[PDB]
Amino acid sequence: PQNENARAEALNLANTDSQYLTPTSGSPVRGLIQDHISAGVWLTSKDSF
Amino acid sequence: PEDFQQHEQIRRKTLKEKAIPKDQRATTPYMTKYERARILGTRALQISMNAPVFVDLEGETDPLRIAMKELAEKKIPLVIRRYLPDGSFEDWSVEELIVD
Amino acid sequence: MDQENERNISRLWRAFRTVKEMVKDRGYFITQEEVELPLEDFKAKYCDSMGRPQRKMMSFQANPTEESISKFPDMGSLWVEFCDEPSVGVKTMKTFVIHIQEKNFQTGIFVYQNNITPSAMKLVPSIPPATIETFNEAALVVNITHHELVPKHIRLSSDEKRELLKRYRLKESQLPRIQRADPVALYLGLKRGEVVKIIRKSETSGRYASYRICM
Amino acid sequence: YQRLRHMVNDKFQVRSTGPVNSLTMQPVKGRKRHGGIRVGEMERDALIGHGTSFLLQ
Amino acid sequence: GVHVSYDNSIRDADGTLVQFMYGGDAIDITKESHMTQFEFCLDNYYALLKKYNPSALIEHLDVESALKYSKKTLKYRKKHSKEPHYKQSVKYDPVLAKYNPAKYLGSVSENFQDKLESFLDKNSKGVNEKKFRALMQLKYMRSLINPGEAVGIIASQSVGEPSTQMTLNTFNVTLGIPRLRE
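Chains as they are written, first to last, in the entry's author numbering: chain A, 638 to 686; chain B, 55 to 154; chain C, 1 to 215; chain D, 1033 to 1089; chain E, 1029 to 1153, 1160 to 1205, 1214 to 1224.
Just so you know, not all the hints are guaranteed correct.
To be verified - Distance ranges between label pairs, derived from CB positions:
#1 D:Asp1042 <-> E:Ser1197: 44 to 54 Å
#2 E:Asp1121 <-> A:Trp679: 49 to 59 Å
#3 E:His1108 <-> B:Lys123: 49 to 59 Å
#4 C:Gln61 <-> B:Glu71: 46 to 56 Å
#5 E:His1088 <-> A:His673: 36 to 46 Å
#6 E:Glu1111 <-> C:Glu6: 30 to 40 Å
#7 E:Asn1072 <-> D:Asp1042: 34 to 44 Å
Stated by the list, open to error - Mimicking BS3-like on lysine-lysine, the simulated pairs with C-alpha atoms at most 27 Å apart in a straight line are:
#8 E:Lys1119 <-> E:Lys1106
#9 C:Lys171 <-> E:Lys1100
#10 C:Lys197 <-> E:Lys1099
#11 E:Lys1164 <-> C:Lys152
#12 E:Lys1153 <-> C:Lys197
#13 E:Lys1110 <-> C:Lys191
Hints were generated in silico from the structure; no laboratory data involved. Note that the Cβ used here is the ideal one computed from N, Cα and C, for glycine as well.
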């Protein structure tokens, strides 16, 4: 976008941080996906020192 | 000069009937996230066209970040005019709106 | 001995309870003992010694409550008329037009059985201040406002019809519309322009006050 | 392992400004005509759903 | 063009009204997720308090008028809860019909009022109940839909997008998209 009115909308209204919950049912749509799920089961484990 | 004297006087009187006075205004006391996005859009677009800034821009080179500091100190001299759906309106200054 | 006459009476006993509930819902004076009239008491009063249903004593007259006069100043009397003749003729329709206008009623309800001759349906808007409303008594068997999907409709006075339009800054034509011949607008006897208030039981909020205008 | 034939060469494009159309004065279509990107009907509805009237403008 | 107006009514672009309040309660769907998570909000009272900061907030919004009218309706609605919906008396309309949710503290949908009061009495737990009312009633006031929100686009996109998920075979009555097109 090409002016400060449209920069201010894409940073405050349409940014990815305000799209965390979807408007369909209020559920979150953003989060880590495959290896990060399978690393938290290893890192937050009880053997991890 | 006969038509314009009346055509103005109709226009400024019609515009007075739609102005809602400060004691009768009924909308929200908050800045409604689109008012906040347009104030920072319109103020930054004025700052970049050499409007006088009322805040110490501490080495900031971004017009949008300057207006985000004027909004935090209640220094933006703008006015929201909130149109109710029959055309009537309420004038809320930016200094007296609560910012989310 | 009770295979059709038990149910031709019961389809007129229930159709009579609804009209007393309809007239009480329009703000007229119908007491609760008149509403809750049992079936054996309906035959002890409106069925003759042989046991047939007669539709002459069933016709009645109602008057406004004190609550309705203060809210609606022009609410007058009401005559509710049944009919023995199933195929309703223009001879009996001209009587009911004049019986309202001689006795000077405001509203007249003409409950019939099968049909009206369309030569006699022209006499429905005939009186200019008064109104004639026709009901088929097969349609009055179940009171549809008791149904769990039909919310509580309340017609408004012109005082709070005016308070509604000032608050939202509306025209009359910018409200949601209810039809002139809606089965709940025919129930409440709504004229064009009258605003009814619906209290909806919403899935997300509970009680929720909506509005709707008759055009 | 196997290498598939179809590759990603003729897939990217960038336009700052350039050619127009003579009827509409809108950016021309084209991968190799240095042509614009289409903001279609569904993206117009997506820009109203954000309430961003200036990004639509 | 269906959008939220500044009087909280849902109107079309020409001005014709569609609803008097969004969903009956004027709550944004993307803000109501921890609305009735009362035990989460009680464990995080001090952090939720300075978010929804009530110090420089009580001078701008009415505090008493909606709370008085809600207790009058809540007292009147328990006494006639045994009655059917057509024998309900209409002396008191809902408080959201009477007071602007964004200007009056405590003008709250009657479904959030029940669940909040059901929470406070079935749970005996340095936080009172009187300052947990005021926090959650302020959390209601800061979760409202904003005026100018394009709720008509969002509703159509909330049906048109998960209908793309809804396109498969039998796992009688019309199902899926051919039912939805009817």
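Structure-based check of all given hints:
1. For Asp1042 (chain D) and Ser1197 (chain E), the Cβ-Cβ distance of about 34 Å falls outside the hinted range of 44 to 54 Å, so the restraint is violated.
2. In this structure the hint that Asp1121 (chain E) and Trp679 (chain A) lie 49 to 59 Å apart at CB holds, the actual value being about 58 Å.
3. Taking 49 to 59 Å as the suggested C-beta distance range, the pair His1108 (chain E) and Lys123 (chain B) conforms, at roughly 56 Å.
4. Between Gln61 (chain C) and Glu71 (chain B), the C-beta spacing of about 49 Å keeps the proposed range 46 to 56 Å intact.
5. For the pair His1088 (chain E) and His673 (chain A), the supplied restraint of 36 to 46 Å holds, since their beta-carbon distance comes to about 44 Å.
6. Checked against the hint of 30 to 40 Å, the pair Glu1111 (chain E) and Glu6 (chain C) passes, with Cβ atoms roughly 32 Å apart.
7. Our hint of 34 to 44 Å for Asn1072 (chain E) and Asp1042 (chain D) is violated, since their Cβ atoms are close to 54 Å apart.
8. Of the supplied pair hints, the one linking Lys1119 (chain E) and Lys1106 (chain E) holds, its CA atoms being roughly 14 Å apart against a limit of 27 Å.
9. With a C-alpha separation of about 32 Å, the suggested pair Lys171 (chain C) and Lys1100 (chain E) falls outside the 27 Å cut-off, and the hint is violated.
10. A threshold of 27 Å between alpha carbons decides the hint, and for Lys197 (chain C) with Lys1099 (chain E) the separation of about 23 Å falls inside it, so the pair holds.
11. Taking the CA atoms of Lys1164 (chain E) and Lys152 (chain C), the gap is near 35 Å; set against the 27 Å cutoff, the hint is violated.
12. For the hint pairing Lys1153 (chain E) with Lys197 (chain C), the CA-to-CA distance comes to about 42 Å; that exceeds 27 Å, so the pair is violated.
13. For the suggested pair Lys1110 (chain E) and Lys191 (chain C), the alpha carbons sit about 33 Å apart, so the restraint of at most 27 Å is broken.
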